[PDB]
Amino acid sequence: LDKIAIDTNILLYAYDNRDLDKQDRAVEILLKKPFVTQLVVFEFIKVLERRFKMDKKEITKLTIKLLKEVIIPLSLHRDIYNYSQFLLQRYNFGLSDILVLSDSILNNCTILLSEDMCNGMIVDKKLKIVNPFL
Amino acid sequence: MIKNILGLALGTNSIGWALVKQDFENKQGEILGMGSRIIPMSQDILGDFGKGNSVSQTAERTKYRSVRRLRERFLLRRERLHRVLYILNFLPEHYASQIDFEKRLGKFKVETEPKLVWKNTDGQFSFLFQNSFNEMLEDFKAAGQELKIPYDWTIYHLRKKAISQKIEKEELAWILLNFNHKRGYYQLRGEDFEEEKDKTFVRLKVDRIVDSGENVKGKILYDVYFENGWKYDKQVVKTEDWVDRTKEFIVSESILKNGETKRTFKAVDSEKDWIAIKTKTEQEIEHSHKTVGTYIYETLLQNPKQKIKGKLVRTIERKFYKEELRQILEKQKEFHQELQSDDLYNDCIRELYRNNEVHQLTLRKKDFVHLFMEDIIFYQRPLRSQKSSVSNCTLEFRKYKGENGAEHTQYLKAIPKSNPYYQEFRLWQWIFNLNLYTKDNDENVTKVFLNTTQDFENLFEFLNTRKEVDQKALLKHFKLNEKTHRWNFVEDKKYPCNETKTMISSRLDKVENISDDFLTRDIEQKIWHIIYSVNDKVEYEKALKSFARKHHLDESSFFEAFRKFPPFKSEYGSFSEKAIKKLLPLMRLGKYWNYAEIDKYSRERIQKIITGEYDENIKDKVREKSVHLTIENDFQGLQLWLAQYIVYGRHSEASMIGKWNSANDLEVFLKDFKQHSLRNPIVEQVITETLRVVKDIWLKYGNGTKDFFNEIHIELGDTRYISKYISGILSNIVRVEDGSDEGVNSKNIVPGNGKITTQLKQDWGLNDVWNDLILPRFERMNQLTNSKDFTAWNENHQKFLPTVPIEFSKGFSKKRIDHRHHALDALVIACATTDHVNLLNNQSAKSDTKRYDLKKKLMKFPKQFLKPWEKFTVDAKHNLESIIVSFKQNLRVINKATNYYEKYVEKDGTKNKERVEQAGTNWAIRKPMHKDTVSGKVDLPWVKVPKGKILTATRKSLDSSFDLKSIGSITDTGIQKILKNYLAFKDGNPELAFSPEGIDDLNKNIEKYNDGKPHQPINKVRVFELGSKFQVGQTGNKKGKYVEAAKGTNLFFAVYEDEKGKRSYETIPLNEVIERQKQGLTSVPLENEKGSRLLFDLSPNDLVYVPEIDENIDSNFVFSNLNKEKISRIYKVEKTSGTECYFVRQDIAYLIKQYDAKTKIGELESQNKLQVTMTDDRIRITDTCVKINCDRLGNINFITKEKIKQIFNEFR
DNA sequence: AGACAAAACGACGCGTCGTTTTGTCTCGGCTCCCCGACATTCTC
Ligand SMILES: [Mg+2]
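First to last, the protein sequences are chains A and B.
In terms of my numbering, the first sequence opens at residue 1 and continues consecutively.
In terms of my numbering, the second sequence opens at residue 10001 and continues consecutively.
It is possible that some hints are incorrect.
[What the hints assert, rightly or not] Below, in silico cross-link-like pairs of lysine to any residue (SDA-like), each with a Cα-Cα straight-line distance of 20 Å or less:
hint	chain 1	residue 1	chain 2	residue 2
1	B	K11090	A	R78
2	A	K126	B	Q11077
3	B	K10479	B	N10451
4	B	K10621	B	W10593
5	A	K128	B	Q11079
6	A	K125	B	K11078
7	B	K10977	B	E10991
8	A	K125	B	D11114
9	A	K125	B	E10991
10	A	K125	B	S10602
Hints listed in this document are in silico derivations from the structure and should not be mistaken for laboratory results.
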């Protein structure tokens, strides 16, 4: 029993080809219907528009399809800002990462998956970060 | 001509502040500001501090802390017992399996509750000591009582058996833990009293009462005789309750000097007085002549239904347990070789004190018995040193530079008064203070018998040999007698005469076998230091024997001389030892005086004085007084004043006067204020809040500039403590530095009295503005009671006056039922000039003309006072009908606390005991989390339980208040049946049925009401209740404890709104507030489960505006045009529960009539607070109220454009 | 006529506004520091 959350990295490695192993492990990780934040989808849209220069229509179609079928969005907790400031005193991370962990934690998530953000490090003794591609 | 006036009225929890800008000469002026600050606490404290009953939350916190600390010390004792016994291989395998000995030293493994004897195998519990159980059954069979007894009764059989037989090691470990449970009463000081110490609880019978011929108060007093031949020391009047009455007394007998017992008496009641119970149980144990364990075992043998814990043995001297445990250990010692193996003993010593090799070296010389008894179980820590709290000398200082590069001053602790230095000082001071008078002419007969130095020499030598003198001895020293002379002191009073040295002389005289010169200054001061420092019996006798060895005296009578020295009283002088030692030479005269013993600085100052030259450290008043000090020899017999100045150069304490220049000085003074520096917390809170309020008004109205307050008027209206302290503190701001204003208080500080304020309020029509303001409340009560007794018409004024019926006039005052009476008082005080207070305090003139000018200047022609300005009264109306009352709040839920603890740290290759700070985070809860009573959850098939609620059952005493409805609320059905039968049998009268006699009768005849079936007796029953109770904790058995929220802990009330518009309410209890604030979040969730956005949170003492039924307040703001209809619709939260919030109009202090369940009437119904408005619309406040925010001065605070700029101007 | 939409029935049944009433940890021993007030003497 555990609540799995994920970050922009898993979706980005899922989409790209040149990293066949990373893309694979990402697509199996998407099979367990892992929960997502609204933030993570927002940076997904941003990186698709900046890095991948995809047109708006296709991007919105893909995000709607994934939110409907593969990934399960989670509500934007209203205490995200105070709690993100709480981890700011004890943790050394980029503020966007602090928000994604804040919203994952406030939604009862136990395990988060990504390359970055200090593999294997438990956050406020209630959430863990696991690099799954290794 | 224009003067700024700050008037302050000080109450128990109220500060009334007013600031006005007056021209008395031109008959003008206007009020700038008014307000009242209220510190909420219940009227219980108000009625309690007048008499005094633990009126401090600090004391309650201290009590909880002490109880906890005792608990952890018991735990630590048991913990060390586990460690030692595990080393000894004494704990059983099944038990010791579930104790951690590696990380948590000796603690039970988490989520386990092992018992030493109850072994669990495949989910079943079995006893471990079967053979001892069978032996105890055989003993009971020999006694012939039963054959079915509890297994856990074996402990007393073993404790008796341990005295003279061999028991297995497991029972010994069990017995040791039991002894750790029950330690016993013990006094740390001890000091075994008179050898007889009779103190014997006896039961005596009064034989006869012979009328003693002592006719007092129209009645002749009788004496009392007893069967043993004893007479009651006191007499008796009431014959009926003394004839042949089996009375039990506590008596003390002392062998008097005549050689007879001086017997005392004291009536005492068993089972109701702790001393009587203790003595009776102690005597029952001794008269049995056996250990208390065997006494308990025998009493359980004879009466197997006996309650031991709390009934049979409650409290007995620690000596009993000590002797029993000693006998047990010694008699088990010769059988168990494990108690002699010194290898194991060293192993235990190393385990228990690995970081203290000194203590190991100490206890390596002892054995197991001393380690178990004196070290682990019966180890009582000594009292903490209060020496660091001793006061400081006002003259001697010391300066030093720390690691921070600053120069800060240490302090010199004051001299103990028992020190012979201070003794000689007080004797010299008195000797200079003494002067004789004659009885005949009451003339100053001095300068004849004590004029030359030799007379004072003989006087001092005489006074050294005694300890305290009287009229007689001081007169007879000079040969004078009672009939002709008096000594200028209280004729029948005794004054200290160096008790220390004289009593030392007596004890050194009784020892004998010594030369009559061994008592000198060095020896006396030494033995004083020994007898002052070591206040502990064994240490004290060691020290005395060592002194008798080092100094060539026999240690056979000297220790007997000094073993029963009564310890010194705890008192200290005003000065320190250095200051007294420096001062002593100058008060000296004759042979005890010499110039050589005066230090360099004072000798230099003496040379400067005699030479007549000019120094900056010497004032003109000095030579004015020291004109007679021409020669250095004149520095003989100098008193305290002159010598003190010459030593330290200051004309005693002349104070610093002081002058604050801005609000920064005040705020620094407030920052540096120390807790517990005054009489009691109430006045301290009042003074601190007054200082905060005056700082705020200074900032708001004068912006912290110099001398913005032209004058401050102060008044109070027990509480007199703050009458002078606040005036002294606030004198700094309104003082004048020109030299005209010199004294303890600034001349601008003008306290008044009740006479002035009441005469003014009558003469100004202020009473009229007040009663006009309050009348609507009385009209509301009239319409509520449907009468006309709450308002009285008058024709002299032609209007309705507030009034109360006589039956509701128990303690009424019209003035105490509002909060802005404080503002009224402040305003009337402010306008009262020094002329007014002088006129009304010194009305006695001795001549009409002299005070007639004040009459013409102040009285209307002496009828009424003339207006400060023509618009005074209506302006006062406008001001007072426009006051917001500001209520201080205490929403402390969590705060940070720092923990220091002793521990051995490795530094520079050495283990040193130093103080470590706790790692990690740890919060302190600042509110009582829940109520003390603990209930347990039950499930009853015959009770229907609503969803979301549970049934909790608690034990209660079966007593007179158990009627049929309540009898139906006991969880036990058979008990319900039996109690129903009994209550029916007593005609349905619980008072007769459930009296203690009735309970006894039911217990004796339980067959008659159980349908003939046997049943155990009943004294307490578990009554169940249906409601919402939450678990105390989650660990161990704390998940089975169900409690209720504590008083005053429903502190936040959330109001949310959904998208359409309805308001939803929630009462958020303290628990989730705690973990929310611990997670850094807001106190209340910002959305509810439905997702409705949170409007806001309400707390007790909050303020809301309740708009009219027609107004639509959605984005109103505009809180600057607060007129009277706006301000009358301001409600303060009072309490909260569920979805209900109760409010009181902010201007209400006390309800005219509270609520009584008989008449069923009240100002605000039963709760004394309404969920709705008091006005005729009666609208739910919670559905339309809007939260507001006020400051200390009660001014509304709202978003503005400057504020919206500054929000992120600060971050820019 | 068919088959969906929902009103109607049931005893049953539990929730709900408004107020009132009820229940709420207790006693023992000391020790030692500080302060306050009120009396006397003494210096200024
Ligand atoms: Mg990131």
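Results for each hint:
1. B:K11090 to A:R78: holds, 13 Å
2. A:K126 to B:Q11077: holds, 17 Å
3. B:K10479 to B:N10451: Judged against 20 Å, a Cα distance of about 16 Å means the pair holds.
4. B:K10621 to B:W10593: violated, 26 Å
5. A:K128 to B:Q11079: holds, 17 Å
6. A:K125 to B:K11078: holds, 14 Å
7. B:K10977 to B:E10991: holds, 18 Å
8. A:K125 to B:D11114: violated, 43 Å
9. A:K125 to B:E10991: violated, 59 Å
10. A:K125 to B:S10602: violated, 69 Å
Hints 4, 8, 9 and 10 from the earlier list are contradicted by this structure; the remaining hints agree with it.
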